[PDB]
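With the sequences and hints as input, model every part of the structure.
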Amino acid sequence: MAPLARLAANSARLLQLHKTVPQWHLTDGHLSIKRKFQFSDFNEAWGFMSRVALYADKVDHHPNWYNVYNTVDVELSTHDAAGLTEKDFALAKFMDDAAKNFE
Amino acid sequence: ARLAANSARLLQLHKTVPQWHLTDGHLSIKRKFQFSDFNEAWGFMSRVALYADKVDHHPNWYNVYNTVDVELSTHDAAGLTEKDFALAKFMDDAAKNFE
Amino acid sequence: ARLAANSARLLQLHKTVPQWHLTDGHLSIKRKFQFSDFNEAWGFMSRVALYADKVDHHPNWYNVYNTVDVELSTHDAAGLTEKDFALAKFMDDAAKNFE
Amino acid sequence: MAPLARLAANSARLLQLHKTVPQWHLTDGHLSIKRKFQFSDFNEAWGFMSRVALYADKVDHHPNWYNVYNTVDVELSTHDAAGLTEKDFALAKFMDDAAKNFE
Ligand code: NA
Ligand code: NA
Numbered sequence: 001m002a003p004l005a006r007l008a009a010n011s012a013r014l015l016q017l018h019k020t021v022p023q024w025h026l027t028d029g030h031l032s033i034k035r036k037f038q039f040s041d042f043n044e045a046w047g048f049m050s051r052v053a054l055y056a057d058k059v060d061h062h063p064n065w066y067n068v069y070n071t072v073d074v075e076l077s078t079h080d081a082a083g084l085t086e087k088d089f090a091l092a093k094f095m096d097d098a099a100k101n102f103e
Numbered sequence: 005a006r007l008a009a010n011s012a013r014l015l016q017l018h019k020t021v022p023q024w025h026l027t028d029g030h031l032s033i034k035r036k037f038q039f040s041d042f043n044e045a046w047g048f049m050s051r052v053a054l055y056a057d058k059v060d061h062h063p064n065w066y067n068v069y070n071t072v073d074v075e076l077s078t079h080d081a082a083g084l085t086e087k088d089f090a091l092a093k094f095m096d097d098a099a100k101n102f103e
Numbered sequence: 005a006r007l008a009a010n011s012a013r014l015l016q017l018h019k020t021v022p023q024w025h026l027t028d029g030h031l032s033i034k035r036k037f038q039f040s041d042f043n044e045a046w047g048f049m050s051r052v053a054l055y056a057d058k059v060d061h062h063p064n065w066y067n068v069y070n071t072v073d074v075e076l077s078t079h080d081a082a083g084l085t086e087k088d089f090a091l092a093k094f095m096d097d098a099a100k101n102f103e
Numbered sequence: 001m002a003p004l005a006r007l008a009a010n011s012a013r014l015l016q017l018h019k020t021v022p023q024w025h026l027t028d029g030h031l032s033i034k035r036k037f038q039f040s041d042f043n044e045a046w047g048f049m050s051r052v053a054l055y056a057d058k059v060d061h062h063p064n065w066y067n068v069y070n071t072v073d074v075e076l077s078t079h080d081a082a083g084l085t086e087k088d089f090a091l092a093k094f095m096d097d098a099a100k101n102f103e
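Protein sequences appear in the order of chains Y, F, W and R.
Each residue of the first sequence is one higher than the one before, starting from 1 at the first, in full-length UniProt numbering.
Each residue of the second sequence is one higher than the one before, starting from 5 at the first, in full-length UniProt numbering.
Each residue of the third sequence is one higher than the one before, starting from 5 at the first, in full-length UniProt numbering.
Each residue of the fourth sequence is one higher than the one before, starting from 1 at the first, in full-length UniProt numbering.
Please note that the accuracy of each hint is not assured.
So the derived label-pair ranges between C-beta atoms look like this [stated by the list, open to error]:
{"id": "1", "chain 1": "W", "residue 1": "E86", "chain 2": "Y", "residue 2": "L15", "range": "39 to 47 Å"}
{"id": "2", "chain 1": "F", "residue 1": "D28", "chain 2": "R", "residue 2": "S11", "range": "53 to 61 Å"}
{"id": "3", "chain 1": "R", "residue 1": "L26", "chain 2": "W", "residue 2": "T71", "range": "21 to 29 Å"}
{"id": "4", "chain 1": "F", "residue 1": "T27", "chain 2": "Y", "residue 2": "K36", "range": "38 to 46 Å"}
{"id": "5", "chain 1": "W", "residue 1": "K93", "chain 2": "F", "residue 2": "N70", "range": "20 to 28 Å"}
Calculated from the structure, these hints are not laboratory results.
Note that CB positions come from ideal geometry on N, CA and C, so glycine has one too.
Take a look at the structure:
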């Protein structure tokens, strides 16, 4: 009984958004997106995470992320939709753009 | 040095961080921290990040909004060392500011 | 709206953040925060940074190791607004965790 | 009665170090170095500061820095030397490298 509508698996809109974040992987049923970010060291990873934290609390949409030294393993979904929404893709895009500074 | 499962030093160190739990084989210690919101959780993580890079010993941590699920072990030791317990203690002290 | 010097609303808001001082012309409010070390100071600043970008209202702050010298004013108002006092209050509450 | 030796003004070594951080300005008497960093917004500035904070506490050498939204105005010196030391230039270099990710 999720109160929000999720993007349907394979919907034209979901695919349109996924095109903007091509390094992310759609999970089974298209209920989330995943990306594992890799950096040189923790100092870089933390600089990346710090920007994402500011964005996440601004838009009130937070990553499920696992950091181990120089890697940040991320899964995004909207709990209140039981699946993906526009907000997940917007967060993924911000994260992609923040990570680009390190490549 | 790697701390052997149930070793005197391991058991002694564990008493200093009693809210942590030993995992199978005593290969790591775990604690899940809970805060009021992400803002608090991030303030906590920020202090830990500074400490971690200072001592060059890093947590395996999973953050979801107001929770931080932490597992500590020494990567090149294939188990626990003094550094894990020192990190746990710092984390405990950092979290106490939010109680 | 810009709060006029000595205005009823300004004086009322100032009572909520009594450790801050009004500057000349009541153009800004100031407080210098002191912590035990940089690690604490940074934990404090980190929470404030999240809040600042959330509400889109930012401190003028000077950090030297364990001290954070802060002046708040609303850049496009040429004086103080409600947002400055709201930011001051958040900062006060964040600092209290280190007392 | 500073317990540490400072780099003398115009010393060959001071100049050798300054060459590595050319966007920094030597102040009067060569007692400090200054640089004002500019970013697109606070989110970027914070990502920059976050990396520098980690470095600073690792080496126990901290910037005197003033942040206003997207700008970070920095002055570096070693109090215990009453002037510049190798540590100031090392910090400046780290900061330069962290800022380069945003240009
Ligand atoms: Na979520
Ligand atoms: Na200094």
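Hint by hint, here is what the structure shows:
no., hint, result
1, W:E86 <-> Y:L15: 39 to 47 Å, "holds (44 Å)"
2, F:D28 <-> R:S11: 53 to 61 Å, "holds (59 Å)"
3, R:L26 <-> W:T71: 21 to 29 Å, "holds (25 Å)"
4, F:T27 <-> Y:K36: 38 to 46 Å, "violated (23 Å)"
5, W:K93 <-> F:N70: 20 to 28 Å, "holds (21 Å)"
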